[PDB]
Amino acid sequence: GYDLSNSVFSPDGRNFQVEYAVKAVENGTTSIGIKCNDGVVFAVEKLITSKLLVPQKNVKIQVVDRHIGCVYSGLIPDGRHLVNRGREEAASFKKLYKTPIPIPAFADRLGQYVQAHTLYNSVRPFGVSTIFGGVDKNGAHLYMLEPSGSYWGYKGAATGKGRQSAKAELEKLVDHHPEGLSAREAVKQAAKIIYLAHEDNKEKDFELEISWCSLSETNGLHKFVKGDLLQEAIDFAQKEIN
Amino acid sequence: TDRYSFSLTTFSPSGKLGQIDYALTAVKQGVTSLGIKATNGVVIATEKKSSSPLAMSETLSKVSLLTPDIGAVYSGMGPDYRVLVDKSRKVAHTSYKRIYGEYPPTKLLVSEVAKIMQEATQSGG
Amino acid sequence: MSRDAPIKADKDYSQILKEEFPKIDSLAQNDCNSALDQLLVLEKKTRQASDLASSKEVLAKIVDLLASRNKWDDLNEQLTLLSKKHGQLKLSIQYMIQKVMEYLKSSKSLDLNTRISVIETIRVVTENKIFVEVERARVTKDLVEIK
Amino acid sequence: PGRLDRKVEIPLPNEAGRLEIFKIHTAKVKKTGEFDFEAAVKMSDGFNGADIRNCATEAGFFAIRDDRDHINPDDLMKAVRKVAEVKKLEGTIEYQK
Amino acid sequence: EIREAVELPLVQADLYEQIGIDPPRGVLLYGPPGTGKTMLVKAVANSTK
Amino acid sequence: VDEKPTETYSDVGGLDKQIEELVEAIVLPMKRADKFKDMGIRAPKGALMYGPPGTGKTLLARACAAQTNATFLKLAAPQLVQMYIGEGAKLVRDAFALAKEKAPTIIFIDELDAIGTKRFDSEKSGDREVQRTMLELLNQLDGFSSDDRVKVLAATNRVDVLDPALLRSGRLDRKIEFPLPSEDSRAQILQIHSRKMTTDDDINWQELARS
Amino acid sequence: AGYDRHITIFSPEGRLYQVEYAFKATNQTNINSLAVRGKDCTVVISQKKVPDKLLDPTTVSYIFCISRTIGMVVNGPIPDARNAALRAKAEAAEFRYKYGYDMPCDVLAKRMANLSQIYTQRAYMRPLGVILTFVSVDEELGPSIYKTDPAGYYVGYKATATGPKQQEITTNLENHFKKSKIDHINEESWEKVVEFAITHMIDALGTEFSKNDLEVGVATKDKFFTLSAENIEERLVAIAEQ
Amino acid sequence: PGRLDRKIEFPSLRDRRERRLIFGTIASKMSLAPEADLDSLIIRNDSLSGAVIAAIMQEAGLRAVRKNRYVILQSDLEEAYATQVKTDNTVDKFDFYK
Amino acid sequence: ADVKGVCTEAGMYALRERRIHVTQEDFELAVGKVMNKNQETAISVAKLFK
Amino acid sequence: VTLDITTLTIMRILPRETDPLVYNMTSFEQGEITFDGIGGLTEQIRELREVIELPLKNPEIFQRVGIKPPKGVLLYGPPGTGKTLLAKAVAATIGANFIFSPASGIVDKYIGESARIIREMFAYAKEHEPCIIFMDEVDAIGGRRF
Ligand SMILES: Nc1ncnc2c1ncn2[C@@H]1O[C@H](COP(=O)(O)OP(=O)(O)OP(=O)(O)O)[C@@H](O)[C@H]1O
Ligand SMILES: Nc1ncnc2c1ncn2[C@@H]1O[C@H](COP(=O)(O)OP(=O)(O)OP(=O)(O)O)[C@@H](O)[C@H]1O
Ligand SMILES: Nc1ncnc2c1ncn2[C@@H]1O[C@H](COP(=O)(O)OP(=O)(O)OP(=O)(O)O)[C@@H](O)[C@H]1O
Ligand SMILES: [Mg+2]
Ligand SMILES: [Mg+2]
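Residue numbers (the entry's author numbering), protein chains in the order written: chain X, 7 to 248; chain Z, 2 to 126; chain D, 1 to 147; chain H, 340 to 436; chain S, 183 to 231; chain B, 172 to 382; chain U, 10 to 251; chain L, 331 to 428; chain P, 356 to 405; chain C, 146 to 291.
Quick caveat, the hints were computed from the structure, so don't treat them as lab data.
Accuracy of the hints is not assured; some may be wrong.
[Unchecked claim] Distance ranges between label pairs, derived from CB positions: (1) 412/L <-> 122/X: 45 to 53 angstroms; (2) 188/X <-> 15/D: 53 to 61 angstroms; (3) 130/U <-> 49/Z: 22 to 30 angstroms; (4) 49/Z <-> 428/H: 53 to 61 angstroms; (5) 86/X <-> 412/L: 19 to 27 angstroms.
[What the hints assert, rightly or not] In the SDA-like style, the derived pairs of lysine to any residue whose C-alpha atoms are separated by at most 25 angstroms in a straight line are: (6) 337/L <-> 370/P; (7) 271/C <-> 208/C; (8) 295/B <-> 282/C; (9) 29/X <-> 350/H; (10) 213/C <-> 337/L; (11) 48/U <-> 58/Z; (12) 91/Z <-> 167/U; (13) 174/U <-> 335/L; (14) 369/H <-> 207/B; (15) 416/L <-> 271/C; (16) 213/C <-> 205/S; (17) 370/H <-> 289/B; (18) 29/Z <-> 404/P; (19) 44/D <-> 188/U; (20) 188/U <-> 369/L; (21) 174/U <-> 337/L; (22) 397/L <-> 208/C; (23) 289/B <-> 282/C; (24) 167/U <-> 414/L; (25) 220/U <-> 78/D; (26) 402/P <-> 418/L; (27) 423/L <-> 18/X; (28) 370/H <-> 201/B; (29) 29/Z <-> 423/L; (30) 436/H <-> 14/X; (31) 337/L <-> 289/C; (32) 29/X <-> 81/X; (33) 289/B <-> 289/C; (34) 421/H <-> 295/B.
[Said to hold, decoys possible] Sample of chain H residues lacking proximity to chain C, with all beta carbon distances greater than 12 angstroms (derived): (35) 360; (36) 378; (37) 383; (38) 386; (39) 387; (40) 404.
Here a beta-carbon is modelled for each residue, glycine too, at the ideal position from N, C-alpha and C.
My request is simple: use the sequences and hints to build the entire structure.
The following block contains the structure:
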């Protein structure tokens, strides 16, 4: 019984519910966040379930404000509620203080919302991990938010099934470039480790979506990488894994 | 939501109310305090205790002031005493220093605080 | 650590300052003190492996100081400081102290000079109880002979 | 206690405690020349000490498939993914004094 | 309680008899065995001899 | 052994991936025992076979162990449960002693929930009698050598009921799942039964397999 | 009933086991702090640990600025740390607004304390599993440390430590003020109190520290600052040259 | 009764003078340092059994050989306490029910 | 139950004494030993065992 | 002592009886490895020999302290972690007398026969001393009062 809910406590410091929420996020697809010098670059592995689908017509990276990219894994519907909530909170701050929200401020807000869902009998703690960042005027920042309401700064973060492949390769990238790398050069890097993170997920086929927010390419807005730039990334990675 | 408005204190099958039977044991697991009533005065005396000896004890109070004529002293729980001392004072001002513009008699103050305990015996949550 | 930038930079400096070790070495001829300062700044390392390397530069250099008959007093104070500075890795410094005592026995010096330096050196390692001890007994019996 | 005075726990192999295990086990096998373990093993956690010697055995299967006689880091990086995957079949949960 | 129970009928049984208390019987010691039950039996045995 | 007939791979319908793993896991550390040694590794101790009932777990293992020849020991896990201890427990003891003489041999335990209890925290039950044939199993599946050539195949209906001391490699190292059939696989299965009886010549095996 | 510690209800022993379970969960970050009162300052030192190279080291933090005079040092999980950081900020705005001077630390100890009681009196609120150390320098009470805990109990301190290995620190502090025979070190400058603090911590925890493994917060008169890794580096050399 | 009359209880709880003797008899046998004190063992846990005081002192005597030293120092004696501690929330220095 | 253990306690007190007689003072102490025992199993409802 | 089967006289003294079971325990140690078993958990290897190997070589260092000579070890942990390998390595490296007992080969059908082995296996341990008694993967008689 004391292993069933969130308002319970147990004399092991465990609160079994919340730990079970990580297990939800562990069924998700790989999502990485590459922190570069100029901004942030997200990419998500998007499973192609069937050849019946209409392709490139589902976005798992949703914008909050005009400058904070948000991409999440775990329960897809559950995550859509958390993003809607952070779009309310962004909009409240934009009115009350007439500037686009800082990212350490966006962090406070979301952080509070999921923490809330471990203190009542009548709620369930959300089982999603978010990865969100952008450019504000104090510079680019990146945050990963655990379903437990835990978060930290990050020069590279990931979550998903293929968080195993992805993490080791991010170590490789801070030891390649310990003085950082360009946001343009990092499009090709997000392609490379999303492809490698589909060797823990090779029972299907997938589509790669890449988006960026960097100061120096997009004027500090959260945009998608699209057209011919996007296929250069696909080819690059495709040839390394062959 | 919430739906804790059902009583969490109930009669016991054997009679007596279990939760108040539990609470009284707890008073005898605490510190010790006593009071002697004299002809020309009243005294209360109690022990000051802390986790470690390197903690202060002047920043802690177990004899607390309700009115300039009425002090309280407890035995039982520290956290639970702290809140009720504040509520004791709040109700002493709002219902007797606003409506009679002075401090309440001891019997009258006693009774007020006995209602606050009472709704901690009745109702949920 | 959180950056790997210290690692590339530190290791790299170690190899380069072997090539700039002859330029230091001629310079010690004109003024030792200035050369000392240079090798002293070098051995400020935030990366572990490089400590082993940079301490070797100082061992060749101090041979000239030790042989001299005023400058070895100054040498005895610097050994003290090294142990204190950060710790700097507990393998590095414990290899140097030995290599110095070893050098003393081969330099040849006054009965007096030998005694007094040794007391200064056994004293540093009184406030230690790591690798130090092995050496400490050996130079203690070297000193017993003296008295 | 006093029948049983010391209670030693050996926990699961640590972050670079796996790396120390990897080095004795790569001596045993035939290998190309591998000392490029370090990144991959830390972030493929889930291994007990016996499963390190199963990453060697399963890498000598990935090796058999290719028709190779040596453990390659190409064989080894497919092996870590697979070994991890088979143990997530059932969990284990244990707590101590 | 042990010096009443074990030691007093060994030194002289008749102490009981003449007051007119009939002697207690058997001793059960209970408790976690870490409590030094066993330890006490050995302590008074070396002592009574 | 009695010598159980081989059913080969041609009375199997589908199950290509399962055969490939089965030969890989058990049969080839025996035959290429030289190359396991040349490589420098050790053989895996056994292979777990698990997945939903209907997939011909028991059928596959009999057919393939008879085809390739290796001494096939027939043990059903409930037989280890006995109300005797020191005689029921002694079938386990004599089952290694036998097996090390007749080595290389494959010890096929059908079901592994009867002695493969997840429980080892038992409260007030005769489950501490059951687990003494689980414990004695984990001892001889440790080397004190003369077990490097003795293997285990195990079939089981569910794999969520196994002991944490059978999650571990050294016991059953390779862990094979039998999946629900596939489009190609279903069509095959139907043709293997229907070979036995007489059909008309207007049959289409794809039609039945779509439907 | 089998329900008897799912809610904050007394036991046959007359106790709140539920609340005790909070104190077994104040030791999960396994960070340790020690905080000492100088003569005209307060100093609090805590450990910093990062589990990976891939976090940003700056943001990892446990010493949270509440007022510009009241620092707050958190032992126990960072989700409940934040919720505790927020509530406190709320009361600090609230006090200035209605009483027309900045919040006293003393008063923050009782508000956040009474709030804790309210979480163990509702039968649907789970208490924060954070021990807060509040450091301040007041002019009306002098330098003070107030420790609240998940029960809502609190007392003053002459020095205090918190953390799982905090018994060890208690030995150092007890021995130290036994020799001085006074509750506060007679030292007129904050520098040498940072120097003292680190020394007892090196003795107690048995490990020497570095710049990137420390986190230091200092309360002076009328301002609260945190020192960066660079200012901490200076302090460490000067212990060696005493 | 008539087979078993007496029931001699042994309590683990004891009292504050009896933990002091029991620490004190196991310290009579072994060597200590002047650093070491028996009086810092009272303020900790207040429910121990006799075997686990013979146990801590023994475990301290192994820790003693890893420094290499034949006098029990107070560094050793506190670390031994910290292993096989069997911590309670009914004992002194761990309460809020005061 | 209480009075049989009062009578036994007076003769263990006279046993300690080492005099044959039972004296009236033994019965001041004895009455006090059982009445004290009776209250030490009811303040937390502790059994006659561990 | 021997007896005759028709005169019933002691003819001569015989050495002690020694169960047939316990010679298997003295002749399975196989799975052997050096001082080092699994690495990076060396710190726990060194702790083990504090209790076991250190009073074996010199009881005279536990005499200076005036503590009881250390004995008794419980090894417990998550599975597969070389608890069982370490046990084969402290028998190999020191080379002190070993058994052994699996949890469930000392269990017998006949009662007062399963008491017999384990009593008589401590007896053996006092002649062939120093001795290490490795109980392996005990959960069989681990059981409570029930
Ligand atoms: N009062 C004490 N003083 C000194 N040492 C003690 C004390 N109590 C117990 N010990 C030690 O603890 C150990 C256990 O005590 P003892 O030998 O009496 O067994 P026990 O508790 O009856 O165990 P079991 O009956 O299960 O075998 C002994 O080594 C004993 O000397
Ligand atoms: N690949 C196949 N080819 C032809 N028939 C098949 C095939 N696989 C299974 N079958 C049929 O299904 C039957 C059931 O198989 P089997 O008993 O081996 O399976 P299992 O999954 O271990 O189930 P259970 O153990 O519950 O009986 C076979 O006897 C056979 O008739
Ligand atoms: N640390 C290690 N390095 C290399 N091989 C190991 C290591 N530990 C265990 N193994 C391998 O695993 C096999 C079985 O594990 P072992 O029987 O020694 O372990 P255990 O932790 O007591 O668990 P169980 O008793 O359930 O087997 C060994 O025979 C050996 O090949
Ligand atoms: Mg005993
Ligand atoms: Mg084992």
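Structure-based check of all given hints:
1. 412/L <-> 122/X: 45 to 53 angstroms: Cβ of residue 412/L to Cβ of residue 122/X: about 37 angstroms, so the range 45 to 53 angstroms is violated.
2. 188/X <-> 15/D: 53 to 61 angstroms: violated (29 angstroms)
3. 130/U <-> 49/Z: 22 to 30 angstroms: At 25 angstroms between Cβs, range holds.
4. 49/Z <-> 428/H: 53 to 61 angstroms: The hinted range 53 to 61 angstroms holds for residue 49/Z and residue 428/H, with Cβ atoms some 59 angstroms apart.
5. 86/X <-> 412/L: 19 to 27 angstroms: violated (49 angstroms)
6. 337/L <-> 370/P: holds (20 angstroms)
7. 271/C <-> 208/C: holds (21 angstroms)
8. 295/B <-> 282/C: holds (21 angstroms)
9. 29/X <-> 350/H: Within the cut-off at roughly 23 angstroms; holds.
10. 213/C <-> 337/L: violated (31 angstroms)
11. 48/U <-> 58/Z: holds (19 angstroms)
12. 91/Z <-> 167/U: violated (32 angstroms)
13. 174/U <-> 335/L: violated (49 angstroms)
14. 369/H <-> 207/B: Holds - the C-alpha atoms of residue 207/B and residue 369/H are around 11 angstroms apart, at most 25 angstroms.
15. 416/L <-> 271/C: Not OK: residue 416/L and residue 271/C at ~33 angstroms, beyond 25 angstroms, violated.
16. 213/C <-> 205/S: Measuring from Cα to Cα gives roughly 40 angstroms; hence the hint is violated.
17. 370/H <-> 289/B: Status violated; Cα separation ~39 angstroms.
18. 29/Z <-> 404/P: holds (23 angstroms)
19. 44/D <-> 188/U: Violated, at roughly 37 angstroms.
20. 188/U <-> 369/L: holds (18 angstroms)
21. 174/U <-> 337/L: violated (42 angstroms)
22. 397/L <-> 208/C: holds (16 angstroms)
23. 289/B <-> 282/C: holds (15 angstroms)
24. 167/U <-> 414/L: violated (31 angstroms)
25. 220/U <-> 78/D: holds (24 angstroms)
26. 402/P <-> 418/L: holds (22 angstroms)
27. 423/L <-> 18/X: holds (20 angstroms)
28. 370/H <-> 201/B: holds (22 angstroms)
29. 29/Z <-> 423/L: Holds, at about 18 angstroms.
30. 436/H <-> 14/X: It holds: about 22 angstroms lies between the C-alpha atoms, which stays within 25 angstroms.
31. 337/L <-> 289/C: Judged against 25 angstroms, a Cα distance of about 24 angstroms means the pair holds.
32. 29/X <-> 81/X: Holds, at roughly 11 angstroms.
33. 289/B <-> 289/C: holds (18 angstroms)
34. 421/H <-> 295/B: Roughly 40 angstroms separates the two Cα atoms, so the pair is violated.
35. 360: violated (6 angstroms)
36. 378: Given a closest Cβ separation of 17 angstroms, the condition holds.
37. 383: Answer for residue 383/H: holds, closest chain C Cβ roughly 16 angstroms.
38. 386: The assertion about residue 386/H is violated, with a minimum of 9 angstroms to chain C.
39. 387: violated (4 angstroms)
40. 404: At about 26 angstroms from chain C, residue 404/H clears the 12 angstroms cut-off, so the statement holds.
Hints 1, 2, 5, 10, 12, 13, 15, 16, 17, 19, 21, 24, 34, 35, 38 and 39 from the list above are not met by this structure, while the remaining hints are.
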